[PDB]
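Below you will find one chain, with nothing else, as structure tokens; this is the form deposited in one PDB entry, and questions on how it binds or moves follow later.
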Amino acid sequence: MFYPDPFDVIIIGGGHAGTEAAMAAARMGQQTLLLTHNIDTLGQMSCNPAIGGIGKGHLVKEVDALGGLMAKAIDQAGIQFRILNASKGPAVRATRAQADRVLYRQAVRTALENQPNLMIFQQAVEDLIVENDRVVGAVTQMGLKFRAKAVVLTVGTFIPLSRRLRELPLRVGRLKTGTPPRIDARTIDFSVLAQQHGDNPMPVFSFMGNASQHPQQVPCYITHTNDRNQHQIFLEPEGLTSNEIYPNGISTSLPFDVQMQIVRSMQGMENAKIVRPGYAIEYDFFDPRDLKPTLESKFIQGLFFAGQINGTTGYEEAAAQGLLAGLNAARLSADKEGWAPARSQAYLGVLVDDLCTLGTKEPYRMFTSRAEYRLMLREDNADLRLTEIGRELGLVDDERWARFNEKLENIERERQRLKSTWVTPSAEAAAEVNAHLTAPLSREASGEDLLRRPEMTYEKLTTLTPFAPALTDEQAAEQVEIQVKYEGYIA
């Protein structure tokens, strides 16, 4: 039994990568069907309830800059927000946030349910359907068939689907992956534990969006065995209306036997009780070397792979692949050719190149070879290098495309204004200038020229009388400040 309407794009699984690949093809214009196991569990986080951190944050920001969901999603869902290495410089900072599981689930389901051009249907799968080497739709478990011009596969594979794939010279793999126990926050003594709060002012994951979006903030809690430099295990709350604690740090692979000791032998957690047991699922995947730069199979035409089937664990890594697969699966149906960001452009750049060639994600320490690329690929400038390319190809609406150009203006203007507004050995303004400047002034310099001074911050500089009102576009301000201050390096 076929199905009434034909689809351009089918997405199978829709987990983390799927969801993103869906929202992708949809806002592209194209008419997309998301098929899934279960729609009550979209945006479920099975591992760590968190978005961000080293390298992860980079990949997120990038997705948002191409208009995906995750950033917005976490902005709605994050009960704790942190910039890693606020201490150090722009190239080295990384945003990470704690997630209220349920609120994230809420947020992810909604945006999808209300996505123009995407239709969503709650069924398993049996196999897919190929015009001998060029795929044309898929067949659900219940026997219902949907036709399409392009497909995207994610979670689900591991039987008729399975055997079909092995009928090809696809290198199969193996993955050990599992999660810690989970603890009844009611049976934990928190008073005896230290606590971790969030940076303040709150960071904000989307280039769009802001702090008013975030729900109520909450702290994590530090604990360890029984500061002599011990091994600290972070206790994260699963959400605002949960009593479950994800104990970050304690071992994934473990019998329940020990599982209850390793947790009870911890400060405050003497008589803790353990609500979900920990475990490990090994699942096999396929080797990504059999995938075009655009994540289209080198074997079957029209098929794109993203997420678990590529051996990556990690929401952010899935999310990124999703988007990419999505937008190309989209471009295939429009009978145009797919896109693949080059290593110099983004993390998603390397992530896919890596996977295509290497067949795997190389560690983050290695994503940027020199020092310029570490600065030029920082997280807080994805929009400026990515957004437009996305706009140029459908991803990125008007709301965002207007916000982009707004701030693209404010940077252009301010820079130019600061290049032009000079203050001389006493323009008799030099009195209050030297109050916050290290070495005495004179050489007769423009705002730009003494912004480049290590003592000077755009925010402070501008409180000074000759340098006009500051910009009230704080995103742009930061980009202006670091543009003069650290593209002094690229000079």
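Positions refer to the first chain, counted from 1. Under this definition, the rigid core comprises the largest set of C-alpha atoms superposing within 1.5 Å between the forms. What changes on going to the form deposited in another entry:
- Here the rigid core is superposed between these two forms, and of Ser206, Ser333, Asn381, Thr368 the C-alpha of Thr368 is the only one to shift by 2 Å or more.
- Taking the rigid core as fixed, one finds a CA shift for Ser253 of 2 Å or more between these two forms.
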Contents of the next structure:
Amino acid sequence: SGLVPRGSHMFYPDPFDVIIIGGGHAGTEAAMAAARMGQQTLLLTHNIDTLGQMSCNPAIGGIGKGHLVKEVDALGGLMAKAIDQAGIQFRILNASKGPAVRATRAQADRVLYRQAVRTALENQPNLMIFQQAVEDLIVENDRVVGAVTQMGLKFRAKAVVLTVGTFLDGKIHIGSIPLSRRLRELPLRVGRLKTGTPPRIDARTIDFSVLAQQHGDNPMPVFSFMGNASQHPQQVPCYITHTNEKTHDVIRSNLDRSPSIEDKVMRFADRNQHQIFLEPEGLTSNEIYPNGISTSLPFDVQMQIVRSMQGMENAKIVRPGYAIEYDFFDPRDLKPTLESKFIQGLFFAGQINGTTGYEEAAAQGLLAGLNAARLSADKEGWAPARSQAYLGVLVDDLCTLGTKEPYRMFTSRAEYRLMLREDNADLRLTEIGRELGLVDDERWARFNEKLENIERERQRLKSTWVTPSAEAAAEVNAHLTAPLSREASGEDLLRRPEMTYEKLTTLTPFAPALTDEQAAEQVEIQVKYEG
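Provide the structure of the form deposited in another entry, given the form deposited in one PDB entry shown above.
What follows is just the one chain, with no partners and no other molecules.
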């Protein structure tokens, strides 16, 4: 018979304020954002068991990236808390260089990270998670009004965040869906992205005894303003090997066979051996992610590339490497709230916009979910200012230029920032966050206790003096470049290049030190860098 029963081809009975399509990094922050603001939120994901998935290397943070994580955290997000649970090496980069430039980086255990994300989303009041791919949007008068799933089930919403998924495209490389059509038939400008993965290596087949180790910092960094280091699981080293000329010849013999290792070899000298960090995939995994050798070269070349390297002579590949190509849409077609200029109610976040980092995606997801929730409650959207946050710089660049600011530019431009350090993201953002509905009560309480600790200690330092012949003056002068010939406050002395907060508050007139270490640090930075 010609009977098509279309029996799941129905409206869900309950409407939402916000629907999130996709559960990558962006959809995760968007869902958690809209829901913690109290809006009824739906998270549509094709696979609940891949929530928390990292597409490339298992790490979070570094230069620029770490900044975005701190900001996501300042605004009530999840990424920093998740990596505090899943993090298996923690390092501060540029630790001797001054605050605008320092960056936190952590290796993640893939399994702990999935668990941290999944369990956080499952316990989010106002959030329903539903496992389905999206077939299409429901649009009426240039306004989104809902989403249709593959199975035919339709959901009503006032606002929709589009993230990542099957509509984008996806073509795997080694060597249809009404949503794609709908978006293509708008004046949207399509690009192509070409991500890649290295082969994953079985750890039992690597000889680590010949390779250098790299440990995390001691004491351990914490990514979240709310964490402490006792939340971290067991810590492990990464080991290091290098590309050599044999590696480069293999690559060059195979260019015929289609941030690659091959692109790096074509563009670099030979005398420049590329560093390969053998990143553990987790504590309960024998797999290694060799950071530096992504290719779309065939498996046999990959094995030759691997076996040419020190320590790797007898190594075996567990998961082959490959390249992925996806469509994205030029983000200049978005408002700075991340709303589409073509469909009202529709917000774009993450790779849909042409970005690839986890952090860049989480920052956009937070913003998009915030503004979707705001629109569902008939409020105007928030667009962070360039001067307020790296999240502001990012979104501004996307909307104006179509593209993120390169990481190469980061060091140069940090000089004219410094108010945008990782370490003050809360002082820059937790207050707006609370007005927006993004900051919960634990964070609000701790933030204000910190804000008061800094004020109180600054005031104490401005009003505590040593006179140059006080009984305590010889103790003080011993820690000076030159003995005082005049009265100095705690703040006068702390502005001295040779003085630290920790040394100051060890001295009789200025003891005791603040026990709130985050406050202490911020007291020191404000004093030194007021100049």
